[PDB]
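The form deposited in one PDB entry is given below as one chain in structure tokens.
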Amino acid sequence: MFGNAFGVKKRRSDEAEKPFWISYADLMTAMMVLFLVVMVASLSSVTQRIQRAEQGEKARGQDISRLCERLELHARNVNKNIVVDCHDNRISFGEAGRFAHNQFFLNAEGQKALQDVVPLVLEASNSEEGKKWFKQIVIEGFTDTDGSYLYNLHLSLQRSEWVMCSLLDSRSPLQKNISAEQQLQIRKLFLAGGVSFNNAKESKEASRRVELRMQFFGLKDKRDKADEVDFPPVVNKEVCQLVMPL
């Protein structure tokens, strides 16, 4: 009847975001973050020795691959007959290294390739990478499983003896282009010996070959000094004892 027309009505006031839900979202995001970062830290710590070992292995592989690439580039620049297999640290002379039946000699190109690759491998090993990771060079022998075992063994042994003879025989062309220090290095870094049997190749003719295979120190070796020995200076020229005229 006499009601107040000017009665005011408070506006519908949007109600705010409850503080709990945003704070709780913050807390749960923080907890997720904490668990993630704790996992990262814990995994990094438990595998840190493994990570350091793997980094060392990768560095050794990279250094060895760089040395092999330098050696194969030098071979390509100098003599095409020298082919270097960087996959498994192998030096091959396929065409030059073919061996006929019951003979332990090689043609002229094989001798040229050997006496050309020896100084290159020497100067590669003389570098810091070589002085840090290069061990002595092992001469590879291959024999078949057919016929008399000892005949093949003797053939391979004579092949290895003839190889080192060609490296270190008097009147050889290598001796005319060498110094005493290089000869001593060849004596230190080369040993002759080793036979093997394999069936990864389709032809028995491939077994009649000579191959150079260098091998490197282990990660825990680090060039033990006691293993190294010394040799006296050369007093007389070496003479091969194999029967050249046959």
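Whichever C-alpha set is largest while still superposing within 1.5 Å between the two forms counts as the rigid core. Positions refer to the first chain, counted from 1. First, how it differs from the form deposited in another entry.
Once the rigid core is used as the reference frame, the Cα position of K220 differs between these two forms by less than 2 Å. After superposition on the rigid core, the Cα of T145 moves by 2 Å or more between these two forms.
Relative to the superposed rigid core, the position of the CA of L191 differs between these two forms by less than 2 Å.
Got the form deposited in one PDB entry; could you also share the form deposited in another entry?
Chain alone follows, minus partners and molecules.
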């Protein structure tokens, strides 16, 4: 009663907004955008890695196929007896490559074809595709599954040795035709391979054949000087081991 009706009012202060859910929401907007950017960027990057690897393998395959195509065309240009199969990366002799019983040497046509195909392989390895993917040349010997296994194996080994002699015999035309650098390239490329007995259709004339096939690097493989064996310069002629009366 003894107070005053004309008193002071509004004795209340405005509250401050709580700032922590605001911080939560704004920082979470930033993190949401971070995750969206990472999602789109990572998807693009991973897809680009996959597509780049696929297109690199495709480009390598196309270049290898082109190298096989040009090698086959050159072989046809030189001599029509050479059969080149790009579907398995192999070069085989149609008729000249056949062998008979107790035979370790090719016929005259076979020797001529063997001498003629080598410079074509040198040109193939001298190309850019050759510098990128060309690998060594293995030689596989084939003989009929019948008869003595050891006799057939020894005969195939003898045939392969005679072939590599004709490749590198001093009396052979190749030694007097190629140079030292070409000889070193041949030494790097040509080497001895395994012996197979893939006989079928009872075709003894065709089964007993020897042909050279082409391998290549891997896409994930790395070229290094460790695998690059360099032969010493030729200081003496090479004479073949097996002799004619044998």
